[PDB]
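2 protein chains.
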Amino acid sequence: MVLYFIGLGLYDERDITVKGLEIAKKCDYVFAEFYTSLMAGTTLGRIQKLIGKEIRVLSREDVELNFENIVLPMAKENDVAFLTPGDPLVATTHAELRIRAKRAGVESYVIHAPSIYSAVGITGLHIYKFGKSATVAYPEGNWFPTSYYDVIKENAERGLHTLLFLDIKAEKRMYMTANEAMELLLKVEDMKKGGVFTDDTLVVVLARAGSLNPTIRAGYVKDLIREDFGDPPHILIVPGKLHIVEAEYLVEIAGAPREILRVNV
Amino acid sequence: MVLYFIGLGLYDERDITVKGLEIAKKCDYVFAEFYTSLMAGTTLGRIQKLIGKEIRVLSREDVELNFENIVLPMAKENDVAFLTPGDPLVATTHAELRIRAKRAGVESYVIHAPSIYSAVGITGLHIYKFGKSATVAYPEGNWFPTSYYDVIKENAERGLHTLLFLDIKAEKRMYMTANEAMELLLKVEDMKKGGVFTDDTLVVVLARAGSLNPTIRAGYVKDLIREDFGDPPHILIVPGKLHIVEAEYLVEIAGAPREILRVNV
Ligand SMILES: Nc1ncnc2c1ncn2[C@@H]1O[C@H](CSCC[C@H](N)C(=O)O)[C@@H](O)[C@H]1O
Numbered sequence: 001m002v003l004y005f006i007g008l009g010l011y012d013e014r015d016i017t018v019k020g021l022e023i024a025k026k027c028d029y030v031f032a033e034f035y036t037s038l039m040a041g042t043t044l045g046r047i048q049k050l051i052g053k054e055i056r057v058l059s060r061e062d063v064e065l066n067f068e069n070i071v072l073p074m075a076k077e078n079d080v081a082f083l084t085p086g087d088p089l090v091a092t093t094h095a096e097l098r099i100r101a102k103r104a105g106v107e108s109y110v111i112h113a114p115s116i117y118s119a120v121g122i123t124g125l126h127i128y129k130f131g132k133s134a135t136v137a138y139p140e141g142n143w144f145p146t147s148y149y150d151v152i153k154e155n156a157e158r159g160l161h162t163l164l165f166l167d168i169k170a171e172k173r174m175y176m177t178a179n180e181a182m183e184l185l186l187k188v189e190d191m192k193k194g195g196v197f198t199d200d201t202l203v204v205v206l207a208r209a210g211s212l213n214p215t216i217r218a219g220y221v222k223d224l225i226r227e228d229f230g231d232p233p234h235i236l237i238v239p240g241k242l243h244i245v246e247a248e249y250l251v252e253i254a255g256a257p258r259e260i261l262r263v264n265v
Numbered sequence: 001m002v003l004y005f006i007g008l009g010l011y012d013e014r015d016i017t018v019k020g021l022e023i024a025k026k027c028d029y030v031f032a033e034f035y036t037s038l039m040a041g042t043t044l045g046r047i048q049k050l051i052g053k054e055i056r057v058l059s060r061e062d063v064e065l066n067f068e069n070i071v072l073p074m075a076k077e078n079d080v081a082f083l084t085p086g087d088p089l090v091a092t093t094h095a096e097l098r099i100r101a102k103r104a105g106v107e108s109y110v111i112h113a114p115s116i117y118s119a120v121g122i123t124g125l126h127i128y129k130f131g132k133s134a135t136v137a138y139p140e141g142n143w144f145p146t147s148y149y150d151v152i153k154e155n156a157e158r159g160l161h162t163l164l165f166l167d168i169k170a171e172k173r174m175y176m177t178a179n180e181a182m183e184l185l186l187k188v189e190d191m192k193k194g195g196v197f198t199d200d201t202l203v204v205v206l207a208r209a210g211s212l213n214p215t216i217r218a219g220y221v222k223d224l225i226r227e228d229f230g231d232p233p234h235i236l237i238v239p240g241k242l243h244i245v246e247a248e249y250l251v252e253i254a255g256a257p258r259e260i261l262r263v264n265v
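Chains S and A, in that order, are what the protein sequence lines are.
Under full-length UniProt numbering, read the first sequence as residues 1 to 265, first letter to last.
Under full-length UniProt numbering, read the second sequence as residues 1 to 265, first letter to last.
Think of the hints as simulated: they come from the structure by calculation, not from any bench.
Do not rely on the hints blindly, as some may be mistaken.
Straight-line C-alpha distance at most 30 Å; calculated DSSO-like pairs for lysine-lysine [unchecked claim]:
| no. | chain 1 | residue 1 | chain 2 | residue 2 |
| --- | --- | --- | --- | --- |
| 1 | S | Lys129 | S | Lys102 |
| 2 | A | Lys153 | A | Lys187 |
| 3 | S | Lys129 | A | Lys129 |
| 4 | S | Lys25 | A | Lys26 |
| 5 | S | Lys241 | A | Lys53 |
| 6 | A | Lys153 | A | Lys53 |
| 7 | S | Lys192 | A | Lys187 |
| 8 | A | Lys187 | S | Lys153 |
| 9 | A | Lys129 | S | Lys241 |
| 10 | S | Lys129 | S | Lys192 |
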């Protein structure tokens, strides 16, 4: 009679919460989407095996245009689950789907899971110091998105860190690397010349958070722009003003140049 | 000879991830801390029962001053777990603990779990719109801290939302309620008179995130300041200007007054 939004976590099927698993195991029908993010350490089959159910995967169009025609009708006679990578409501437009559920007279519940938004903590950067977040989107035809550059500028101006979600074209199986994001940013800098992102800018890369051995690297763009950070997904972070201990962690844990230990308070 | 930082998640004993539970079960020693936050929807006994391991609770001093003398030694010839509410390394001083591990020749791994930082997405407010975060601290003696006031001001000025953690005294199990936080902010407003937090300010209250039945309320301070939001912990958010979709979610899901559709958009 109800609908469950259940997050599956960062990397593999075991990143789901115990609460999410027990409820999913008992749902009559299970739907899911895998276009809002990439869970690099698992497969649909493994997820199905864990939950013990068949999973009908939906495309962005199925969801955005037909959620109330495909999923909601099932929640009327049965308990339905809608699975998503990471946390279902983080950096997705899935929250609006709860409004659709309400309008169809369907109660909905949300089961959270680890999200890349909080996983940034593993970078050593104080999470309360992050400012506005942004997404580095692939240019399309003659359209070249640049707003994410202004976000960095605004945050850096305030000494705040900037989290940069990276683009994804699931149907093309394309996942933007931190390298590609850095190249795009350098191109925007050349254009706006704001001194926001250059070869000397310190950045942090977090790849495959959720895995036991994620890649966590910190350093100057000039040195990292061509470094191999491993398979996607990746996120790029442009730190603002660093606290001594943040710098220490970046150096000791993320292999940053010891020279960043010296902060210009 | 491995140290596992494992998150317990949001509310109860089922908020830990499958990965976290299975790893904890394989550890010879299990430590935990409940001074940064408490699992209001469960008990140490229930957590111990679920993990099937005795759990040695550590105080703030045990961790901050003697982590290397209590936890790390056991990690030399055994697998050790350090459990914390939410997602590991979110609490400001925890990231540094990994440096201590490295210095002691101990490998450490992070097992993520849901954090309030990402769980607040259930309020319908877009995650990318959150700015710098802060904690509302009780004034005391001749000390009247107000920086959290300035954080709200700077975020809202840039159309960003402000996540506010409320004061907590874990040992004495004493919580600051959303109501108290609002009263405090009004008091700060009367002093700084910056037009940042008044009776007409729109706020959102999230209680018991993680529970299947959390309290999500949105409205003006003059109407919510004396409302009962249930048992703690409470999380207070001062949204910046709203996207119409954010406002609609707040109205349809959090019972916000229709008025916000024209006043705060
Ligand atoms: N495990 C992971 N490691 C690194 N980046 C990740 C990641 N999971 C998600 N991301 C980042 O976030 C983007 C998808 S945004 C959707 C996020 C999701 N709801 C969550 O809660 O995490 C990806 O393109 C990538 O840049």
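Evaluation of the provided hints:
no. : hint                    : verdict
1   : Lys129(S) <-> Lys102(S) : violated, 36 Å
2   : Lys153(A) <-> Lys187(A) : holds, 15 Å
3   : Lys129(S) <-> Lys129(A) : holds, 14 Å
4   : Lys25(S) <-> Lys26(A)   : holds, 24 Å
5   : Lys241(S) <-> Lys53(A)  : violated, 42 Å
6   : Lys153(A) <-> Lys53(A)  : violated, 46 Å
7   : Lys192(S) <-> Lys187(A) : violated, 43 Å
8   : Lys187(A) <-> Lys153(S) : violated, 33 Å
9   : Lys129(A) <-> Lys241(S) : holds, 20 Å
10  : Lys129(S) <-> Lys192(S) : holds, 26 Å
Of the numbered hints listed earlier, those contradicted by the structure are 1, 5, 6, 7, 8.
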